[PDB]
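In structure tokens, the next block holds one chain alone, the form deposited in one PDB entry.
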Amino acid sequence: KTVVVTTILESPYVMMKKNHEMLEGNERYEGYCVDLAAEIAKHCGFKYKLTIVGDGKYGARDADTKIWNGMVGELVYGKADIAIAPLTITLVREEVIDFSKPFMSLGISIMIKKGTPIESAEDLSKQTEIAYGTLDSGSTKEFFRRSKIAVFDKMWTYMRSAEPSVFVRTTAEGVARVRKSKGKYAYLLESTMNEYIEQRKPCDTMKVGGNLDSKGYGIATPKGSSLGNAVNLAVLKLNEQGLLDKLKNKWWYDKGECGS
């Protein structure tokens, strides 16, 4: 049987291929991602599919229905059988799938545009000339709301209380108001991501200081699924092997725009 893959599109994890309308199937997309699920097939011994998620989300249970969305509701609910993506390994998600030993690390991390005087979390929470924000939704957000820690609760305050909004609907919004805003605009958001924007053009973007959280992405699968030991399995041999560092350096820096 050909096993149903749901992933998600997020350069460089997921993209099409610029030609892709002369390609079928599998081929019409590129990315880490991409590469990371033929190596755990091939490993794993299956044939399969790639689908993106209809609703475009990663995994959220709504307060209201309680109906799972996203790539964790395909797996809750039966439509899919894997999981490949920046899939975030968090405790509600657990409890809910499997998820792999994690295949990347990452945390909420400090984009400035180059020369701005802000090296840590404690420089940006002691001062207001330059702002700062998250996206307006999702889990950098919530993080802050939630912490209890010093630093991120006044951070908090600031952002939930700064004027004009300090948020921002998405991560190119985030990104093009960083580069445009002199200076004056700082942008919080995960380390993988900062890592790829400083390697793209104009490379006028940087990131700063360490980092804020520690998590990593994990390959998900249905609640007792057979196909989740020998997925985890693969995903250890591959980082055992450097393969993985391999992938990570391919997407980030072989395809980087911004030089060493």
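Positions refer to the first chain, counted from 1. What changes on going to the form deposited in another entry:
Hinge residue among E195, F167, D213, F152 for the rigid-body motion between these two forms: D213.
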Second form
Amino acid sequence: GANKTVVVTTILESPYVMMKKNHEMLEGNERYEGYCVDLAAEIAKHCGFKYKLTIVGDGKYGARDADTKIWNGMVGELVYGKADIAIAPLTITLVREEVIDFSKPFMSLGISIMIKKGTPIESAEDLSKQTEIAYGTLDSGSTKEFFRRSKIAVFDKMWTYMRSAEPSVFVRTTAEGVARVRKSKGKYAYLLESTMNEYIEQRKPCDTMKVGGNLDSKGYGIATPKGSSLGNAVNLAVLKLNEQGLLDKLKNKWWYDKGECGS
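Mind giving me the form deposited in another entry, seeing as the form deposited in one PDB entry was just shown?
Chain alone follows, minus partners and molecules.
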């Protein structure tokens, strides 16, 4: 049928999608800026569609409830037909690939540790062997699922602690995890993706840092409902943008050119 505006689900996660200054008097896609806003424009141009950016209503990436089997977050928006495509830092995972399609990755990441500067922690093993410093993850995302499913001794030990810690060590948004690191005097460390960690390390007041190696290696992909006719063109567009150097330039633009912690 006739071309229709593509509904893009995304999430307010800096620097991927952020409210522009003066957003209160802007409308539509002009309200937003960031890496995924720029990426959406490039994908749409290469694939020949018009689109509307829509922030996921529940503010979540996406997890399946173990009891009801209902998917929430951006994954749910695709599964239940509320959006046509997700352009966001959405991690490629097995359980998600069983229900939605992903392009080839547009960005690499691994799970990593964020500390308040000076915290005496260098690794996941360090965290797992002590109790003074609490630690947790984002809710409803791939990092929490990683720990829940891991059979690796250190990560299983970490999960066994996190799942029963009181008060809860889990946070609803990345910003809440950052705040908890910044306000806890070295007594909370946050497990989050290396991309987000490296972004925050360049934001004022420059009081956090990434420590240790990454715990895994994976990527973000552009997601579509299973069988969607958009998937093929989106995939080729991701590969073209990578090969032309545009994805690397976009990361530099939003992470480092705009950094607030020096050159």
